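The chain below stands alone and is given in structure tokens; this is the form solved in complex with the named molecule.
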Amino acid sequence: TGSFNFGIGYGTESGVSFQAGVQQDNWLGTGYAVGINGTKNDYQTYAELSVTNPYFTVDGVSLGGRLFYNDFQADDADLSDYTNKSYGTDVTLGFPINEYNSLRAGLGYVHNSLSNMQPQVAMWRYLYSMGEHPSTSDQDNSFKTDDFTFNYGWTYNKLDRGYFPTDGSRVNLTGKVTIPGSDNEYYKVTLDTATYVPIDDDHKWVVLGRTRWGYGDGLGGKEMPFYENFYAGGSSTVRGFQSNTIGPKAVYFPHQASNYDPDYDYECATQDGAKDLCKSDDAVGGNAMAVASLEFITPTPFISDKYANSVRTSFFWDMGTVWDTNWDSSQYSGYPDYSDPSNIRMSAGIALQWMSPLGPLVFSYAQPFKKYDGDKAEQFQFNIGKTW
């Protein structure tokens, strides 16, 4: 039978999150599981319709299709400001290679409608590569693209259990490339790994090694769109840093602020006296990213053996860098070199996780030990629920 689901969560990364949806396995006897779901948090509203048949072949090759919509406000994600309203569709074949591996191959279409972009160097450099030349002194602008992509994926999952793993690894590799006829011309690859190594026979002392890598670039003279950038920093990547703070910072052009009021703060506003380019501490992401973490899981102090399996205590060293391979350092010698991958941020901290009756609760306290100009710290972080 059909089912409805409604959830509410909260975290330092995304604020209050609302989730609503409907799902029906074998909807109307078609053999397709059909779902309609939406999510809303501080910076994004996302909705999707999905239809998937787990047995497109008798050997478990799956066929799935999706329709989706995204409304995103970048200032609400602690980035330099822009609005993106996007939508599209995709079709994906999933192949179970063996017990622990699956491969995915699909085709996608996506329309992106960018507007309210606050003028800044890296973003205008991408726009220029597309033949778009909006004004540098106003936030009233528009840029739309239509892209078609080939999408591929690989997931390896041999984690020993679905919650609090003590052994095994989970690896996810995702890639895509535009198909000729798309407005953009680029490729993009993301790799995530989590490996757990138990030390004791009882698996109460475990070492987790975690990595995340991202790399994308334009084909030809076009750059990868800034709306496909990678980010780092926050409760789920490099703990102890404010969400998305790591890496390049916007270099703003002097502009007349859309709704000026001397009661609020603005970046490079002409009304404040701005007549030249302004350095800032607003993150913009980058086309290259790497994160690494070593985390030592220990027994939880002053807790009962009966309720030990419900709580996880851990101590970690997190590391992260994000960079812009197309940053022109020679042209912007008076600004930090945002193309430099060696500005590795580091933090050390502790985390407490509880698989409570209501759901997963995660708290962390971490201190940056290595940071750069413009990076913002957020020592205490937490998340309640399954959305981050």
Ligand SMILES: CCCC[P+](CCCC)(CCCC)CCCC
Given for the second form:
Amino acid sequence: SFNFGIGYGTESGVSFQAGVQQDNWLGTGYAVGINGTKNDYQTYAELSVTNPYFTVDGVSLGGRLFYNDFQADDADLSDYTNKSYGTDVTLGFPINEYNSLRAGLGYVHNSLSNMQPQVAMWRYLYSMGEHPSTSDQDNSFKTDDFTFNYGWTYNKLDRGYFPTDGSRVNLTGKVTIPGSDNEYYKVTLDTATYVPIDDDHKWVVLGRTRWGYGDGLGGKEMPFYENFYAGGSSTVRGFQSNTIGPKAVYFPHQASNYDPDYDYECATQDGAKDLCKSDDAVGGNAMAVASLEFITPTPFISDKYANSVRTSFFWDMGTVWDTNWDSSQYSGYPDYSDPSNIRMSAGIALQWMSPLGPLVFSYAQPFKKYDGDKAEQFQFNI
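Form solved in complex with the named molecule done; form solved without the named molecule now:
What follows is just the one chain, with no partners and no other molecules.
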């Protein structure tokens, strides 16, 4: 496949961007993919390979190697900086024609510099045996993680292009193998169920849910870079992408790259003494979302090009929470450990299809919403 971009000044930076696939239909075997993105504030590069015929049985072997370097400035460094890289290798086993299992190993390196002091991150750091200040941005951290990844996928829906009956279930999980700096476990389960409502399967009802849980082992916290985020086209639309859930509360501190002409949160050179609540989403260790979509015929398109279009009336529900948030130590501050802060939105959606992939347009308005949540009533994604 094929893409490219660079840039002026779109809020983001230089904006080198690329999505590429080198592939075959039959004969030499390799399936190769490449993603790239360079900004003033990020350098992301992902290289992926897969052999779908690792052996006669049809079993597949897939690996990938990634680099992801984020810098919150442009010449100084010395501000919040998050570099990551790593590798994955996995085996995929078909058994039943409906099913597949997956097992593999992964390694991830994470380097942090000058992270802004906030409660949740620093609860985790304290749990790891690290005690940074909470009064300044002079801190750092560095971890090597090794994980065993597994999964099971069930895909008995009668047709794959635009489903009409049956279910797709996907369970994927991680457990740290001994030797890693972080020690955690994680599970994520996607479920989708299509029930046809007329004999021609032009009206359908889709139920859908995402579940996610995870935690640290033996007294460690789950690494913050593995948190769950909700909101957007993929989960609960009507909200800004990945903004649902716990928000950061910051300790009063001296910011490292300060400029009084700009805006800061609990900066000590703005007069901050107490900790203060913010809009900044930080995700959690637990997540549950659901969605009911009534798929209907298009309210005025013709039927012989409609095989590329789908229309639905939906309502989405979703919540993200942090199990280890101390509801007692921060009495006047909202309980981010409560699961019942369920956001809810409803709207209309149009699952179109570009010649190279399905596209979801949608409008929604969130009606069950909480403070700090950012609304995004008009949504588009691939």
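Residue numbers count along the first chain shown, from 1. If you superpose the two forms and keep the largest set of C-alpha atoms that fall within 1.5 Å, you have the rigid core.
Summarising the superposition on the core between these two forms, the listed residues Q242, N229, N184, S80 contain exactly one with a Cα shift of 2 Å or larger, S80. Once you line up the core between these two forms, the Cα of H255 ends up 2 Å or more from where it was. When the rigid core is held fixed, the Cα atom of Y332 travels less than 2 angstroms between these two forms.
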